[PDB]
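S.K.: Starting from the structure of chain A, add chain B where the hints point.
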Amino acid sequence: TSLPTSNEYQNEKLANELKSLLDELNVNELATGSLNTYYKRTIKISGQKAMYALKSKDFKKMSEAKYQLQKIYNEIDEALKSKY
Amino acid sequence: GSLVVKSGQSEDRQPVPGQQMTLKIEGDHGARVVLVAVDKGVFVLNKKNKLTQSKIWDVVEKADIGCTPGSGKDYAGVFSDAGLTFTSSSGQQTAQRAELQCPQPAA
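As they're listed, the protein sequences go chains A and B. Read in order, the letters of the first sequence are residues 33 to 116 in the UniProt record's numbering. Read in order, the letters of the second sequence are residues 561 to 667 in the UniProt record's numbering.
In isolation and in its complexed conformation, chain B is listed as follows:
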């Protein structure tokens, strides 16, 4: 989707402590939003483990069952490297795989 947080006011820069201000949140209709406002000094002490959208996609890619940027040794290796199983009535079928992880490169 698209969630955006911005100020409602368009002037009165640097508000006063305790002052009322308007927080404006633009986002897809029907979604539930959770908020947290923290002093940046806490992150100057420790900014580790900060969750973000990029690290979310990082965990998704780390759970991928595909192990090759395409191609393969043959038609069976194409599907087996992509993460697919193929089987036909004729007899042609994908290579057997019994491991969740991807084979490790030699490096």
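The following block holds chain A by itself, in its conformation from the complex:
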């Protein structure tokens, strides 16, 4: 068959990246349960942004939500290591 065209493959790569973080979203939202209220407030706000971005397929919102969800994930990772 013919190979995929210019942007179809690129848009799929971005979506796969967002789907990956969404799979562990319920885990991270749960992980903040024992953390401070800053995280619980931050992640549920960042969570919907990614959820809406995926079903809307908006490149602008999918890109930002990816890095927005990635940052709060890193904040949780450092929080759990320093909490022990």
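Hints may contain errors.
What the hints assert, rightly or not - No more than 30 Å apart at the CA atoms, straight line, and that leaves these computed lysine-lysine pairs for DSS-like:
1) A:115 to B:610
2) A:103 to A:87
3) B:600 to A:72
4) A:103 to B:566
5) B:610 to A:72
6) A:72 to A:93
7) B:607 to B:566
8) A:89 to A:115
9) B:584 to A:113
10) B:584 to A:103
11) A:89 to A:45
12) A:113 to B:566
13) A:72 to B:566
14) A:72 to A:115
15) B:622 to A:115
16) B:610 to B:622
As the list claims (entries may be wrong) - What follows is a list of derived Cβ distance ranges for each label pair:
17) A:103 to B:624: 54 to 62 Å
18) B:609 to A:84: 47 to 55 Å
19) A:66 to B:620: 33 to 41 Å
20) B:569 to A:35: 25 to 33 Å
21) A:103 to B:561: 35 to 43 Å
22) B:573 to A:84: 24 to 32 Å
23) A:113 to B:622: 49 to 57 Å
Hints listed in this document are in silico derivations from the structure and should not be mistaken for laboratory results. Positions of the beta carbon are idealized from the N, C-alpha and C atoms, including for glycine.
M.R.: Below, chain B alone, put in the same frame as chain A:
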């Protein structure tokens, strides 16, 4: 000594409420530091009685026993104005002083 408080981060201006940030404190080795962080709105309501290092040196100068920027009427007045007592075996000695305070200028 020298105590300095600054930000640990070098970017991400104006942090977000609840965000974690690093407070950096540079100071002499072995010293104990006490902290307090207050909203500036409280000082807009009342900024009086704020303690500072300058007001500390102000209280020290107000407790000084010297009363003259030097010199004097004689050698005895030099020491007595500076805040010293002198006494020798020969007999020369400083003027007698029985008051803690400094004599008040005429103004």
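S.K.: Confirm or reject each hint.
M.R.: Quick rundown of the hints versus the structure:
Under the criterion of a C-alpha separation no larger than 30 Å, the hint pairing residue 115 of chain A with residue 610 of chain B is inconsistent with the structure, at around 36 Å. For the suggested pair residue 103 of chain A and residue 87 of chain A, the alpha carbons sit about 21 Å apart, so the restraint of at most 30 Å is met. A threshold of 30 Å between alpha carbons decides the hint, and for residue 600 of chain B with residue 72 of chain A the separation of about 28 Å falls inside it, so the pair holds. For the proposed pair residue 103 of chain A and residue 566 of chain B, the alpha carbon gap of about 24 Å is at most 30 Å, so the pair holds.
Restraint check for residue 610 of chain B and residue 72 of chain A: not satisfied, since their Cα atoms lie roughly 37 Å apart, outside the 30 Å limit. Taken as a hint, the residue 72 of chain A and residue 93 of chain A pair is honoured in the structure, with Cα atoms around 22 Å apart against an allowance of 30 Å. For the hint pairing residue 607 of chain B with residue 566 of chain B, the CA-to-CA distance comes to about 22 Å; that is within 30 Å, so the pair holds. Pair hint residue 89 of chain A plus residue 115 of chain A does not hold up; C-alpha atoms about 37 Å apart against a cutoff of 30 Å.
Taking the CA atoms of residue 584 of chain B and residue 113 of chain A, the gap is near 21 Å; set against the 30 Å cutoff, the hint holds. A C-alpha spacing of about 23 Å is found between residue 584 of chain B and residue 103 of chain A, which places the hinted pair at or below 30 Å, so the restraint holds. The straight-line distance between the Cα atoms of residue 89 of chain A and residue 45 of chain A is roughly 12 Å, inside the 30 Å bound, and the hint therefore holds. With a C-alpha separation of about 25 Å, the suggested pair residue 113 of chain A and residue 566 of chain B falls inside the 30 Å cut-off, and the hint holds.
With a C-alpha separation of about 28 Å, the suggested pair residue 72 of chain A and residue 566 of chain B falls inside the 30 Å cut-off, and the hint holds. The hinted pair formed by residue 72 of chain A and residue 115 of chain A meets the criterion: a straight-line CA distance of about 16 Å does not exceed 30 Å. Between residue 622 of chain B and residue 115 of chain A the CA atoms are separated by roughly 50 Å; this puts the pair beyond 30 Å, and the hint is violated. For the proposed pair residue 610 of chain B and residue 622 of chain B, the alpha carbon gap of about 18 Å is at most 30 Å, so the pair holds.
Between residue 103 of chain A and residue 624 of chain B the Cβ separation comes to about 57 Å, which falls inside the hinted range of 54 to 62 Å. The hint said 47 to 55 Å for the Cβ distance between residue 609 of chain B and residue 84 of chain A, and at roughly 52 Å that hint holds. In this structure the hint that residue 66 of chain A and residue 620 of chain B lie 33 to 41 Å apart at CB is violated, the actual value being about 51 Å. Between residue 569 of chain B and residue 35 of chain A the CB atoms are about 45 Å apart, so this pair departs from the stated range of 25 to 33 Å.
Taking 35 to 43 Å as the suggested C-beta distance range, the pair residue 103 of chain A and residue 561 of chain B conforms, at roughly 38 Å. Evaluation of the 24 to 32 Å hint for residue 573 of chain B and residue 84 of chain A yields a pass: the beta carbon distance comes to about 28 Å. Checked against the given bound of 49 to 57 Å, the beta carbons of residue 113 of chain A and residue 622 of chain B, roughly 52 Å apart, stay inside it.
Checked against the numbered hints listed earlier, the structure breaks hints 1, 5, 8, 15, 19, 20; every other hint is satisfied.
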